[PDB]
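Student: Next come the chains, spelled out residue by residue.
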Amino acid sequence: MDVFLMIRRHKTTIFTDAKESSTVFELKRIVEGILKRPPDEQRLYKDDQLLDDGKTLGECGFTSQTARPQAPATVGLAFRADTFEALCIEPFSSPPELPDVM
Amino acid sequence: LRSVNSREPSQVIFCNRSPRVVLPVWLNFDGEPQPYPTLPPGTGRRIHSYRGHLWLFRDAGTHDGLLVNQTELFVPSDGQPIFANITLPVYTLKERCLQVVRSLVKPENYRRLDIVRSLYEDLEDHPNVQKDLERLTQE
Amino acid sequence: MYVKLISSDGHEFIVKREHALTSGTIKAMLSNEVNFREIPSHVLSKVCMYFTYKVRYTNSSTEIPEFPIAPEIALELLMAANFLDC
Ligand SMILES: COC(=O)c1ccc(CNC(=O)[C@@H]2C[C@@H](O)CN2C(=O)Cc2cc(C)no2)cc1
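Order-wise, the sequence lines are chains A, C and B. The authors' numbering puts the first sequence at residues 1 to 81, 83 to 103. The authors' numbering puts the second sequence at residues 63 to 139, 143 to 204. The authors' numbering puts the third sequence at residues 17 to 47, 58 to 112.
Hints may contain errors.
Using C-beta positions, here's what the derived DEER-type ranges look like [said to hold, decoys possible]:
(1) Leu169/C - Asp83/A: 45 to 55 Å
(2) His191/C - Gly26/B: 36 to 46 Å
(3) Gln132/C - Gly40/B: 23 to 33 Å
(4) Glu59/B - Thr133/C: 33 to 43 Å
(5) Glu134/C - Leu37/B: 33 to 43 Å
(6) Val60/B - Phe79/A: 41 to 51 Å
It is worth saying that the hints were derived from the structure and are not from the lab. Every residue gets a Cβ at the ideal spot worked out from N, C-alpha and C, and that includes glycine.
Make the full structure from the sequences, and use the hints.
Tutor: What follows is the structure, encoded as structure tokens:
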């Protein structure tokens, strides 16, 4: 299985895909690959829950039912090594609405 | 662009793997589209047809195009049945958006949704068999 | 490999090049990063899903699912989809 994620942190948001058997630490390499920042110095969350480096994303609860191309799942990302910042994800813009339709 | 009148029985299975109500459409010996009873979203149905006959599939409510065995036209071609797997295509994001919008709004009120006038004419250009048969009948 | 697309309201969207090259508009704006002065993050996050949807399912035999669109975002999405040619 591929798993389709949205790696989200601050106003930053990464779309990527990964195997269900890939590890949290391996997602961390992917981020490093991209945001130029090494596995230590970053932490990943599902919702608020802090994720263990050695677990599978499919054990962390990203699965194929769950992380679908067209409705990917979110992974929270945090930084600094040196005391770590807390998990903040900026919400998206609100749609207006509606009208004269329903 | 019509059915071949071969008179050779040929037995088909329409399997609808789409979330729509499917309308199968048979092209008649003079090229005129001919509609058959509609096939629900999960559902399947054995069909007697004939070698060389043409079919194409559409969403029964709104005529959106659908694919059969990946191409646009199915022709019954052994040892029992031939499989017509009816699927959504990967719509364009624009077409898709048109669909929702058409589906959410009495077509009288397109005029009154705040968008560029090239978009109003797009919404009112509903998909239709006849038009598509003319795109097809040219390649 | 990856490129950056940024919404009218500053959020960044980091996505594969190829996925992004699904829009000829985007294809042309890279010829790296691209700012969209006129699409808010709630619309451009769907665009991106659509890219990832398009790339996953284009050329596929196992049944494909419906790409869903909320009613609230349909109008903004239509306009983006039109602009972005995709
Ligand atoms: C629930 O109803 C059905 O889906 C259904 C499906 C098939 C049929 C009978 N078969 C037909 O109408 C076929 C389909 C297509 O090949 C055209 N057709 C004809 O019998 C017309 C015809 C006559 C001759 C000779 N060759 O073709 C009747 C009802």
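Student: Work down the list of hints and note, for each, if the structure agrees.
Tutor: Consistency of the hints with the structure:
The supplied range of 45 to 55 Å is met by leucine 169/C and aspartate 83/A, whose beta-carbon atoms lie about 52 Å from each other. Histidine 191/C and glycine 26/B have their C-beta atoms about 38 Å apart, which keeps the hinted 36 to 46 Å range intact. With their beta carbons about 24 Å apart, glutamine 132/C and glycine 40/B fall inside the hinted range of 23 to 33 Å. In this structure, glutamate 59/B and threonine 133/C meet the distance hint of 33 to 43 Å, their C-beta atoms being roughly 39 Å apart.
Between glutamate 134/C and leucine 37/B the Cβ separation comes to about 26 Å, which falls outside the hinted range of 33 to 43 Å. Roughly 25 Å separates the CB atoms of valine 60/B and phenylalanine 79/A, a value that falls outside the hinted 41 to 51 Å.
In this structure, the earlier hints numbered 5 and 6 are contradicted, and the remaining ones agree with it.
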